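Colleague: Go ahead and model the full structure; you've got the sequences and the hints to work with.
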Amino acid sequence: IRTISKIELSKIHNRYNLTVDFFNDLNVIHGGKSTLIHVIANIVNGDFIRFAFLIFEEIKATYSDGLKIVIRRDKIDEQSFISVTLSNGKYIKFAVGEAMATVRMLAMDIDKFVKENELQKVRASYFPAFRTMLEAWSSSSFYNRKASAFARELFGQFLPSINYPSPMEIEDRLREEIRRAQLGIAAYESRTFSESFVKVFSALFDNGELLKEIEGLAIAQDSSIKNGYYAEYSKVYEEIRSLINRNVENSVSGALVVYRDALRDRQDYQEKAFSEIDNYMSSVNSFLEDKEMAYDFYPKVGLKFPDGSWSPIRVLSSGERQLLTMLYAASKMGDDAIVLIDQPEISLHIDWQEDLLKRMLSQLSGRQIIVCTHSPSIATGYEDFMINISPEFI
Amino acid sequence: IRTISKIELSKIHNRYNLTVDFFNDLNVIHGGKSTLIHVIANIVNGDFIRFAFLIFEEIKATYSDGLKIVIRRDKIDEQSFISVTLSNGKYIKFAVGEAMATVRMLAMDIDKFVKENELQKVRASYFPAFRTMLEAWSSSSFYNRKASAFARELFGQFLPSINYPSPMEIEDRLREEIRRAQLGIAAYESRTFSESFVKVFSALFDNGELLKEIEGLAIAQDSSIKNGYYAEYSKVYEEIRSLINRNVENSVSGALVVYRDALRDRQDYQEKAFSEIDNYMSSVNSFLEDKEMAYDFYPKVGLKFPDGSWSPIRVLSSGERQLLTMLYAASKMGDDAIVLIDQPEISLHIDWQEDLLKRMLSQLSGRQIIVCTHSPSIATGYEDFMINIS
Amino acid sequence: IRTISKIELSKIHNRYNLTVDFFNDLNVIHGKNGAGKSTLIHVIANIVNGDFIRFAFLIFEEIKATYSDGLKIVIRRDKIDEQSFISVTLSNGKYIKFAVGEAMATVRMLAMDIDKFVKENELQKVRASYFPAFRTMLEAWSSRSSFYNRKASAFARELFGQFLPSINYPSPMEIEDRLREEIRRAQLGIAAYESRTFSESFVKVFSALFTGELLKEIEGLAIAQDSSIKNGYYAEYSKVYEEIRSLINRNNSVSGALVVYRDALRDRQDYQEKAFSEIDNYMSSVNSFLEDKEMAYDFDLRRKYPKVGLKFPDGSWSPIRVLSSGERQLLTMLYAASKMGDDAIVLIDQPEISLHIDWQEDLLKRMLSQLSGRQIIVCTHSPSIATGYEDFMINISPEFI
Amino acid sequence: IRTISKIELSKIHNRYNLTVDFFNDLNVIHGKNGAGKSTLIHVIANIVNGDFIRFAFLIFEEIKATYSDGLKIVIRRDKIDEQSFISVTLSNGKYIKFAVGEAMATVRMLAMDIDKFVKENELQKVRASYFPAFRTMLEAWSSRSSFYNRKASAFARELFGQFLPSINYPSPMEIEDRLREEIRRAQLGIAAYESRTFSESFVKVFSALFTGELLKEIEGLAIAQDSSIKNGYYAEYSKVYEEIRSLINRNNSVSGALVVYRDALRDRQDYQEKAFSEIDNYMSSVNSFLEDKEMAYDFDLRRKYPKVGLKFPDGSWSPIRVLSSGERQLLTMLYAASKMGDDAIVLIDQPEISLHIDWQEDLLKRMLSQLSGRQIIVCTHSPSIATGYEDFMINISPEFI
Ligand SMILES: Nc1ncnc2c1ncn2[C@@H]1O[C@H](COP(=O)(O)OP(=O)(O)OP(=O)(O)O)[C@@H](O)[C@H]1O
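Top line first, the protein sequences correspond to chains F, G, D and X. First residue of the first sequence? That's 88 in the working numbering, and the numbers climb one at a time after it. First residue of the second sequence? That's 6 in the working numbering, and the numbers climb one at a time after it. First residue of the third sequence? That's 400 in the working numbering, and the numbers climb one at a time after it. First residue of the fourth sequence? That's 400 in the working numbering, and the numbers climb one at a time after it.
Just so you know, the hints here were simulated from the structure itself, not pulled from any lab data. Each residue gets a CB set at the ideal place from its N, CA and C atoms; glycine is no exception. Hints may be right or wrong, so weigh each one.
[Said to hold, decoys possible] Derived pair list, reagent style DSBU-like, types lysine-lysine, alpha-carbon separation capped at 35 Å:
no., chain 1, residue 1, chain 2, residue 2
1, G, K204, G, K296
2, F, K180, D, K405
3, G, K151, D, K478
[Claimed, not checked] A few chain G residues that don't get close to chain F, going by computed Cβ distances all over 12 Å:
no., residue
4, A152
5, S166
6, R184
7, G213
8, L308
9, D341
[Stated by the list, open to error] Just a sample of chain F residues kept apart from chain G, beta carbon distances all over 12 Å, derived:
no., residue
10, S121
11, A188
12, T219
13, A307
14, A349
15, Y382
16, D394
Modeller: Put into structure tokens, the structure is as follows:
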């Protein structure tokens, strides 16, 4: 996909410069740090209208696929203007005073420009440093502008939009994925039934160990949470065993083998369909100890304790909720993006900080991750990927 | 189910006494009627607090199961007190002056009383005379309460809470039912799978017309819109008949019969899963002429015009959204209630007026229907069901 | 005046066409449900008003609009270079091409351009009065006039779509105020006629100076004047007649006095009837529906601003607002077809909301019998509204593409 | 009517007392700044209007209020058990005890209680018109009527304190509109008089039927009628006079015809003067101040609604809004003391804002000469306002605790 490669600031706040070269994979930033992340976030999102609130000269923005974004803010006739220039050369220019009035046609122009040049192909998920209090304030896609406006009023009109997925959205997306996976299993069920019929139909004309294998597969299917709609496999296997014992042709062996293949392929397709959900749930569960997240077959999705009582996701504290959202954002079930985190070391025990980056990389999404940290526990074991930001003060 | 049998209005508005005869089936109120409808809805829905806004003396409501309810607006020391007494002597008293302020604890105690003696087992879908403007206003449970407050400020405090379904609600309910239907079909395939194998396994140990029947079943199954995830029954039939041409044991005949029965039972359960939806859409499409309400598979629920282009349900006129809601409210998938329709003949061409009650009864929901219409065309033919109040 | 002659829609909502030829007097429109009748009335209202800025909210290709005086307004919506535009073109050829996105933004300089265009040309002077199908509930929501209706228009447009024409139908408050002004103008006219008649009567007899049957006739005229509601501020005619009769009885020029009094009384009475013709005809036409009471006016002495309200047989009066919705609808519609209104085209959505069957049988009869000459267009589903008017029925059968 | 007789304040602002005895006709109040005169006028205005909800914003103990007809409204504010309450008590004894916090919350059922109280008793039917001292800037900020003033009241109360009484003083638009209605009412009276005179004239001549000097007198009366602005819709008197004169000249009873016409003309002229007496007296009293132009009216050649505005000696007219604040103040105050208003008590804070010294010398003279009988209360510091009214001067000397 498209990942950021290099950011070249010039005279931000008219006092200091900076020039950073990135890696496509994980990026640990240690050392105006939050300001740098905001600049990166506002470029990748394509929300260029915020850069008429920052004093600078020139900001190059080089991607990995060769794309280039050169923003430039100049003051002519005591009037400020922003001159965004891309790789192909389509320079755009609007007046600053237009932007400030709109906040309290211009926005329509920006989206048409960005869409035409294929610039918003990759989104960016922003995790602010004040998310802990922010979710409490939203206790009560509809919380994407209101909460953003609230945060911008509190911390400044340069703050990028708040896109990070709330736990309610995570639960609903898990539910929809479960529905789609179930439908895929049903389609596979139909195809296997047709295929099994024709198979035996032909080799019928052609003229204990397999029983044990089918018994193992049947009890595995009955011991599978995903089979919450049908668990009669042990019963029908014993009926087949009763049928065999009362009375061996070659076709009978073929019937045995086709049953084993049908069970195994149904099981394997189940694993493939639920691969993403199970990998995400296992990665989360490698941290949690008190309970474990799971599902029940409008199939419920929630936490499950060893006592057997379920609970909604909102019972979780702030520390667990941050872990939930970030690990979701680096999973394949999310949206193709660049994970922009301000401070992950909030309400986290030291053990989870030792392995946070490990789990996020081991999910193997391929998405670019850029973290700015001050703790050495977040960054330990990843010395080769650390980038030190030392801005040159002029 | 529970239905109404007898109401005894005594000196409402101080110059009007009336009693009425009911049945448990369709009772077209032909011909003060509007007031009677409101009094039926407020007793059924358990909203007894609303009676503090009516100048009356005493009303008795008699059900079909023997349950009887008595409301008395007594007067003591220039202050009105509503008393509600059930058949088993369940008396709850409250002053009217206290009630008026709270509307603009008491309601909490009232709903506790309703739930404890279970007076809210059956609700009532009120179809008022102003549905067109209100539904468009909502279109722009939450809709129900909000619109009710707006309505009651417009036409009176004693107006029953508007809770008849809206086309948005109808669309969402249809979508949810399709989702549940897909899950049911999927479960049946799983069941059919394992069971068919053991039948064939038994057929191993047991020692052209059928092919044509299988081919017809495959053609019907493939050409069915309900098969949005597998549609190759014709192809697998071709493979099986090719094997016949290549190659008669009784196990071969057993294989043929098990295939035939599998297809027939799959189709039968497929039909039966889409029964509460297909009956409803067949009733609707019997009225509509240049359009057709259909479904497609994430599922899509919209009108299908003859060119093939679609459109959402919100693009319908003011006289077609009404027909959808009234027909849905008398459907088995609709929530069970004693539907009270006020003037069904609003914005309906006279042909639909003749054929409305016929369809609403032929769906056979087993629900009491009470309509109050000034149009003879609505209730023509049904002279027997007429109940003159006079 | 100006009446519609032919409407030719084309691919409204990109699915169906229609072509209707109208009559100048009355147009009863009946058709199948959902076949686009309310859409047709909305198109007519937005064209005749000249409010062309609403047509950037409806998907079509071309809509011709033909008047009776020869005008041929051709609106056309094209999406040239993937940009939609509306090009309204009149008979003389002044096309006014604007971009659709300008109009939609303006609603939530362009309006001045439209206003300059319509005033310069012959697009106004008609001002089609639209009676919506939800007027019964709409008046409850406003408890508005034919020109103070920005609030009610915005509310209705938000509820039913941004193509909905302005709400022009006269509210009962406006009808009452217009009735007061007409009464005031009629009274001044009676006073002006009184002054001129007094001057003429003086000079006439004075110069030409140098009977039982006529006495009975003058007595009949005097008691008629006393039995006239319009003479509420003066009813002394019987008394003065008896004084003149006493003068005659105690004992040429006397014949001259008799004939001039008869002419003066008859011309004053006839001018009274002519001046109050419109008001009395409208009140009688309304009273042909009402049965419990009757609407009328009072010229009570010792106070001014003469009241207009309902009058019961018991004698107690009541204001117009006492009327229910069913009576109020009759009031407003019959005003719009009366000569007291404004020269317009009466656009009614459903003339049967909150109406008993008896009133539906005779609504069109009274509306036509007022003989205003204004064009009336009703969309009905009941056969009682349209009965006895088979020649004026219009069947809407939209041809599908 | 009801006029104040005696005011006995007690511990206003919890620091000083005062006790003033008033006159029924006119009360000139003179003192110094900080002696609590504007506070006294506010107290009087809020009591007479019956707007008792404002008295939960002033710290006091007891305020007696005495009329001329014997009423003895005693309001009292006590902080019993650390809770403040207002107990207004009238002569008959209907105390209405409410808690202060209810009133303050309501501003930002109580009003219904006040309305029921005032209607049952004899507290309303007065509606004191209050002219604030800051009216000059207030009208400029609003560039309103005596009953459509919620917006202006809230603005003024926010600027000068939550004890400020409602703004009832008639805006010039209301004065102009009331003048139009009064002209209309006068016209209706003329029309009623026209009908009665026509009947009376008939019987008169008819009986007495069975010269140079009188012709000159009738000619003078006829030219006077033609030279009268009130006859803006009938000015044919000269023509008809010449026709009768021509009839006489070409060749007893003729003398009788002359005298009855003269009596008819004189009574018609006198009733015209009587009907327009109030309007002409008010306009003349205003015109005794103005010098650049003069206020008058025009009966147009248009359809109706005769214009009333300023008229300059050049002949060009102008609307009333052309006037500055200084002229506008004279207009409003002189209206409030005129018979054309509503029976009330004229409450003026300072009758010298934006007024030249000459106009201050003669304001009260015109105001008294109108002879309305209404009570006038002015708070002045100039000796020119109070000159010639020594017997009516009131000295405010408050008694500190
Ligand atoms: N936004 C839209 N997009 C597409 N088709 C639409 C849209 N709005 C309306 N239609 C269709 O165009 C026609 C317009 O319906 P309309 O409300 O004008 O019908 P009507 O015959 O006047 O109805 P009724 O007599 O019931 O009041 C209908 O066939 C409707 O389905």
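Colleague: Each of the hints needs a verdict: does it hold here or not?
Modeller: The hints, checked one at a time:
Using a Cα cut-off of 35 Å, the hinted pair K204 of chain G and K296 of chain G is violated, with the two alpha carbons roughly 46 Å apart. Taking the CA atoms of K180 of chain F and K405 of chain D, the gap is near 51 Å; set against the 35 Å cutoff, the hint is violated. A threshold of 35 Å between alpha carbons decides the hint, and for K151 of chain G with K478 of chain D the separation of about 41 Å lies outside it, so the pair is violated. The claim that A152 of chain G lies off the interface holds: its Cβ sits roughly 21 Å from the closest Cβ of chain F, which is beyond the 12 Å cut-off.
Against chain F, the non-interface label of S166 of chain G holds: every CB pair exceeds 12 Å, the least being about 25 Å. Not every C-beta of chain F lies more than 12 Å from that of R184 of chain G, the closest at about 7 Å, which undercuts listing it as non-interface. With a least beta-carbon separation of about 17 Å from chain F, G213 of chain G lies farther than 12 Å from that chain, consistent with its non-interface assignment. With a least CB separation of 25 Å from chain F, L308 of chain G remains clear of the 12 Å interface cut-off, as annotated.
The non-interface label for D341 of chain G is consistent with chain F: the shortest C-beta to C-beta separation is roughly 21 Å, beyond 12 Å. Under the 12 Å C-beta cut-off, the non-interface status given to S121 of chain F relative to chain G holds; the minimum distance is some 39 Å. Under the 12 Å C-beta cut-off, the non-interface status given to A188 of chain F relative to chain G holds; the minimum distance is some 28 Å. For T219 of chain F, the shortest C-beta to C-beta distance to chain G comes to about 30 Å, beyond the 12 Å cut-off, and the non-interface label holds.
Listed as a non-interface residue, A307 of chain F keeps its Cβ farther than 12 Å from every Cβ of chain G; the least gap is roughly 15 Å. With a minimum CB-CB distance of about 8 Å to chain G, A349 of chain F fails to clear the 12 Å threshold, and the non-interface call is violated. Non-interface status of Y382 of chain F relative to chain G is upheld: no Cβ of that chain comes within 12 Å, the nearest being about 15 Å off. Listed as outside the interface, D394 of chain F is consistent with that label: its C-beta sits roughly 29 Å from the nearest C-beta of chain G, beyond the 12 Å cut-off.
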